[PDB]
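Only one chain comes next, encoded as structure tokens, the form deposited in one PDB entry.
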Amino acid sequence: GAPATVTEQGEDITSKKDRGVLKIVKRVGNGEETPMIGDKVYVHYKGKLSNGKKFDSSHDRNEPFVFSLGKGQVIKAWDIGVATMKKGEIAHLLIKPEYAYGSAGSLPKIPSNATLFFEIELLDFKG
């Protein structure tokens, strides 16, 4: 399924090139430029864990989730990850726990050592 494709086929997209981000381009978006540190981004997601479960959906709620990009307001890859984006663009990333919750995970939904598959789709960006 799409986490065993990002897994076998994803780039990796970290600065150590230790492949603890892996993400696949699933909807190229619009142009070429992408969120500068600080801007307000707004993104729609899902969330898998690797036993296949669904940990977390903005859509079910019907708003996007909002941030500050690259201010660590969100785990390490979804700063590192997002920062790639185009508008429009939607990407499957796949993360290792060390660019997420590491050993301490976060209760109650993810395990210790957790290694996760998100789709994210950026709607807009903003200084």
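C-alpha atoms forming the largest set that superposes within 1.5 Å between two forms make up the rigid core. Residue numbers count along the first chain shown, from 1. What changes on going to the form deposited in another entry:
In a rigid core superposition between the two forms, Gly52 is the single residue of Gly72, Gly38, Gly52, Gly31 whose Cα is displaced by 2 Å or more.
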The other form holds:
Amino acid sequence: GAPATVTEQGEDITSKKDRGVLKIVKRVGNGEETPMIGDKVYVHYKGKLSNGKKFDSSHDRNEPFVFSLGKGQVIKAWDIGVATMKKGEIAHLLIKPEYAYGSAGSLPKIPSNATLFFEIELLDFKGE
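For the form deposited in another entry instead of the form deposited in one PDB entry, what are the coordinates?
What follows is just the one chain, with no partners and no other molecules.
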């Protein structure tokens, strides 16, 4: 189970070191350069919640997913996680709810206290 493999073999990339965001790398990228806060970032991803009740992908178009890193435009987990990734990398994250949607959740899509899993490919980044 990709999520179990991460829960068991994944690196804790939080600062508080509370296992709230766990990472395994799946395809090593190119270079040493990983993006900076305020970079426009381009990714393809697949995401599910632990309930198994919802699944989302960017792949539900050709359009890639585009955000400004570190600006809280996404969940904290992504601002943390993607910032560790190199151009061309693919990685798995498992996220406790405190780094996703927390106790409030985001109903009706995300319930209260949900745990999330993502597969992420980092295509490229550029300074805004």
